[PDB]
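Novice: The lines below spell out each chain.
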Amino acid sequence: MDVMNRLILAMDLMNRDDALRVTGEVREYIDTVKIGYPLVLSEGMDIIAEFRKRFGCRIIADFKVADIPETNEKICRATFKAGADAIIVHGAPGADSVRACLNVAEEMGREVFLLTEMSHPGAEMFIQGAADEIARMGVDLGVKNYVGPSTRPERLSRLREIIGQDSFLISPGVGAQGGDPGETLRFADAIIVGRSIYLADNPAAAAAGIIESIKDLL
Amino acid sequence: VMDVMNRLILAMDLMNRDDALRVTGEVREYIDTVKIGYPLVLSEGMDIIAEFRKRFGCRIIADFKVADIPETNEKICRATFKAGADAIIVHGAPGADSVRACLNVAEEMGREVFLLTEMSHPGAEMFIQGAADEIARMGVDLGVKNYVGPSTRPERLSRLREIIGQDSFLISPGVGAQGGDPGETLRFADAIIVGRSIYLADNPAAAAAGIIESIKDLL
Ligand SMILES: O=c1cc(O)n([C@@H]2O[C@H](COP(=O)(O)O)[C@@H](O)[C@H]2O)c(=O)[nH]1
Ligand SMILES: O=c1cc(O)n([C@@H]2O[C@H](COP(=O)(O)O)[C@@H](O)[C@H]2O)c(=O)[nH]1
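Chains B and A, in that order, give the protein sequences. Just so we're aligned, residue 9 is where the first sequence starts under the entry's author numbering, counting upward by one. Just so we're aligned, residue 8 is where the second sequence starts under the entry's author numbering, counting upward by one.
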């Protein structure tokens, strides 16, 4: 996956007008948008098609898929029907649940991203201790795309080590949660950035500034 | 706790409006509590919750297995309750802050959180099972009153009931298609969740009635 400026916008605004306006303001800096449940549950799955129509951007559906295999299959089918290019799936529920998603993605010409360790403090309670094993499970299953935490660069580096340089790794927690753009890109192919851009006084300037700070990495 | 008619919750995972409305309508004399998940919501929109309320007046549990960071969890719960869900199901695996975020919104909005501890499918054994007792204890510490645990592992369901105490509300999926037994599950759960055994039946009303007949002495 070729992400412009190694920067993925996490569009978690919850009304269509603001989401479209802000995305439009930063469109020159990106070609990949992560759309999650905050926007989808507020404005409907049709918002994915609207983004493709307006911006011609790649769409990653950040749905943290975390159900049994049968339900995971249905969620992936509905998601890809809406035009998502990729979907993010939790590794915690195990191999069968991930495989169900991989199967649908293969059938519809899409990608699965496996979320290993999460970026927030609560991740330390249960997920962190399983995260290396979840990553190895991804490798065993032939997963090529992964998500890991900007807020813990040593854990992000370990995830990169497990999955290899050939795998694709994206990383949230940059900015608002305390992760540094440039340090994160030592290990991740692309950074995910939400609030630092979409809550900024001037989202375009915010995006431009982040990119300026990683200029030598592009 | 919510008064679930016949201790039976429909998992309405059909993916088109017409079929989902037909089946739910056909079983409404038996079931006043419906679990609506992403298969139906992502296919038909959040307004499906509105339509179920309008047509059936059933309680709605939004099975969204909320599993994000606290900030995103809050947004998901807000959007879900705004649409009229009575309750939302939240994963415990992402830890205490993520659960607390959901509890805070539920409190502010006058709705309920259900905490998913262990899951019912085989893959649950890899990671979630080993954390489930602690996830449950965490729920109790946070003041969670409603829980979800697996019909398919009676020994685990029993332990989770012990941890949360008799006063907590426990619902349990995996009954029927996944192999769990209705009556056995109701030894520990307040209510059973049933999807395919009802919604794929030639006569969903008859399927629901049959399940209820089998647990008649437990009502
Ligand atoms: O571990 C993770 C995984 C995520 O997908 N995310 C997501 O990435 C985005 C982070 O946004 P922000 O830059 O505003 O902190 C949110 O949409 C969040 O749901 C995360 O923060 N941590
Ligand atoms: O551990 C769990 C948690 C669930 O919510 N579920 C949900 O409960 C329902 C089970 O449906 P069924 O009776 O068709 O197996 C599905 O909606 C599934 O997503 C589950 O099966 N196992």
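Think of the hints as simulated: they come from the structure by calculation, not from any bench. For every residue, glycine included, the Cβ atom is placed at its ideal position computed from N, Cα and C. There's no promise every hint is true.
[What the hints assert, rightly or not] Here are some, though not all, of the chain A residues that point toward chain B, as calculated from beta-carbon distances under 8 Å:
hint, residue
1, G44
2, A74
3, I76
4, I83
5, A100
6, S105
7, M126
8, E132
9, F134
10, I135
11, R144
12, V147
13, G190
14, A212
[Claimed, not checked] The list that follows gives simulated cross-link-like pairs (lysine-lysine, DSS-like), each with its CA atoms no further than 30 Å apart:
hint, chain 1, residue 1, chain 2, residue 2
15, B, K89, B, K152
16, A, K89, B, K89
17, A, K152, A, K89
18, A, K89, A, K61
19, B, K61, B, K89
20, B, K152, B, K223
21, B, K61, A, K89
22, B, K89, A, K223
23, A, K223, A, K152
Novice: Hint by hint, say whether it matches the structure.
Specialist: Results of checking the hints against the structure:
no. : hint            : verdict
1   : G44             : 7 Å, holds
2   : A74             : 5 Å, holds
3   : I76             : 4 Å, holds
4   : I83             : 5 Å, holds
5   : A100            : 5 Å, holds
6   : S105            : 5 Å, holds
7   : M126            : 6 Å, holds
8   : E132            : 7 Å, holds
9   : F134            : 5 Å, holds
10  : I135            : 6 Å, holds
11  : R144            : 11 Å, violated
12  : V147            : 15 Å, violated
13  : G190            : 22 Å, violated
14  : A212            : 23 Å, violated
15  : B:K89 x B:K152  : 22 Å, holds
16  : A:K89 x B:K89   : 25 Å, holds
17  : A:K152 x A:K89  : 21 Å, holds
18  : A:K89 x A:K61   : 15 Å, holds
19  : B:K61 x B:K89   : 15 Å, holds
20  : B:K152 x B:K223 : 26 Å, holds
21  : B:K61 x A:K89   : 28 Å, holds
22  : B:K89 x A:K223  : 42 Å, violated
23  : A:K223 x A:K152 : 26 Å, holds
Of the numbered hints listed earlier, those contradicted by the structure are 11, 12, 13, 14, 22.
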